[PDB]
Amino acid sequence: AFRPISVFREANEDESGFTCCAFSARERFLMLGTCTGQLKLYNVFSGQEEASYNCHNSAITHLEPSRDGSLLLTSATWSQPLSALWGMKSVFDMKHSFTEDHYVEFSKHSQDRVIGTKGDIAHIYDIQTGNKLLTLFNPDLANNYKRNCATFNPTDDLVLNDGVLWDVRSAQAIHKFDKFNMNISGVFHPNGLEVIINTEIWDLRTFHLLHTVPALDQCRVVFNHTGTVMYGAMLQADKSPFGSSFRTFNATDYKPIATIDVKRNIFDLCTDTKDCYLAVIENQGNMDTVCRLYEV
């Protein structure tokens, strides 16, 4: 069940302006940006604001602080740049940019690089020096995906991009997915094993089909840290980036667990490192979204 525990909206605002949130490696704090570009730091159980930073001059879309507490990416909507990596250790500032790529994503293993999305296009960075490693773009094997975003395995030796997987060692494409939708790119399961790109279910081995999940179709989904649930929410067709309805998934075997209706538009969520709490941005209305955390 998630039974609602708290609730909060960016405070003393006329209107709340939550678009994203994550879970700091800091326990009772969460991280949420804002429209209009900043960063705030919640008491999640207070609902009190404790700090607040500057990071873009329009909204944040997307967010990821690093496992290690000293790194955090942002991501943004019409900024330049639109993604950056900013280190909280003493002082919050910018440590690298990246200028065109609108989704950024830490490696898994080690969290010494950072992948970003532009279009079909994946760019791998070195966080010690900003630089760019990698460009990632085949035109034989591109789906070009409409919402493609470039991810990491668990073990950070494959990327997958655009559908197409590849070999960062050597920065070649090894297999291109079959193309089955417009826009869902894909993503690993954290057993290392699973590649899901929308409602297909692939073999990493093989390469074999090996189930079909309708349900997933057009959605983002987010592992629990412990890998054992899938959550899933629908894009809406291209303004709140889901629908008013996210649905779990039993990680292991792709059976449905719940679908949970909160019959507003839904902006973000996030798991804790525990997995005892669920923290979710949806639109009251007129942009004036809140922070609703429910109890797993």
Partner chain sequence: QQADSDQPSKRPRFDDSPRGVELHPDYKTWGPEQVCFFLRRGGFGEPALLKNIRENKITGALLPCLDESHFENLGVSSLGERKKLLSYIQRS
Second form
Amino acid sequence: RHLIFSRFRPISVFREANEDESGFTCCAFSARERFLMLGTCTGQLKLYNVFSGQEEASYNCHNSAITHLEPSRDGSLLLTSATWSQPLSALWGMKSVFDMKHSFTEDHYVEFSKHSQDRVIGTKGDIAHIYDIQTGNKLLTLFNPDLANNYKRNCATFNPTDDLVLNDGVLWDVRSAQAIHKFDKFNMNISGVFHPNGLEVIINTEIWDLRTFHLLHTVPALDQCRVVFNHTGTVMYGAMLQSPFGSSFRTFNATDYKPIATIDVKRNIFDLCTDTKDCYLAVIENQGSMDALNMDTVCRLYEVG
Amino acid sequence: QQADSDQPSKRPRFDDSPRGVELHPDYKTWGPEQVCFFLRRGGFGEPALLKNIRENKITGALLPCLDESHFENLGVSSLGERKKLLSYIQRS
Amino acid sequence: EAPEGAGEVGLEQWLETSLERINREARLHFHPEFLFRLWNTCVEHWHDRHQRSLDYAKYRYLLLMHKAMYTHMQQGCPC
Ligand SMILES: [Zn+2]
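Next block, the form solved in complex with its partner chain, ref. the form solved without its partner chain:
After this comes the whole thing, all chains and molecules, with the earlier chain placed first.
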């Protein structure tokens, strides 16, 4: 909103049970937000209870650091993505037993579809693949070399209506499987996301009009920043990368992209996530360096009134 | 049931862990630490010796010309260990 | 919450394998360097200076470098 999102209050700190050095690398809230899902640098996934702070579960998910976590709204499936080891992404079931349903071998990034999460879109370098959650079949493949821009942090993604895909700067019509537009390059890393309002497209510092393809805004503060919208999509969270992780995060107005506030946590922010109720703010904070031989990455919880 | 590339019982801690690595070989473009590694390989180090080869100094090229009580300026206290570390650096 | 199952095994060969393949992969991403600075420091710090297990120092090394690979891959690499 306006005022509530300029102050956040620390309440608790989540730390790995039996580690001399905690190593959380990703965070996501449970499907019904009773749990905090915390992937660690060794490829595990530890579930903590948001309220109590107590660890609820621990799963052995990958060979490498967890880089992505996306639960279904259904509460029956979970998407994960690792770092350098194959399979780089996986789709698990949260039913009665935590078992892997389908494997995304070379996909470094994985994401659900937004309509009812019936399809899954993964990214393999510059290429994007679309699969079916039920059978695991690769339904579709989007790529075009003459339009490819080759971001280093490419993440293919659906718009709220899943009729469009943004992959490597290229705007695709899903059902036509034809590239609609190519957003040019002013940045080497961030591939861009869809604004929850489905009006504007946010590619790093550029906010384009999704209808006219005309540049609406330019926000310098979003440079090399990952962007997290609250459920209502009235505010943005900007966290910097390229330690290369910034020790501060910013809040913005999703309407017109003006800065709400800048919070410095004196600690290296690896990741962060909020809830749908917009009550809590989980932040993955790291201290020290390689030469300090201390990279204790911990999850601290804040509250947004 | 378990994708098996994952992951042991539970973990090592500092307050209950008291007492094969591979790693890069040959040869001449060796940073000071590829020199420290090679030194520790022989049973040397002696942090007083390596406390600073973090740099006075040495390349993977200043191995065979570092002579013997140049070693005196940088830490290895006794004459004997010094005598077959003088003669730990050859063989190639 | 779902729970199981059969994640019984490792330390041992798990540690040796982990260290190994994280090194094989990390040699593809860093330039002078070397990685030994981490390794050496660890074997110098926890192993030597606090006389702890070599497996312990190698474990902490493993952890640090998993965080390094995490960092680099999140940073992106042209290859
Ligand atoms: Zn690389």
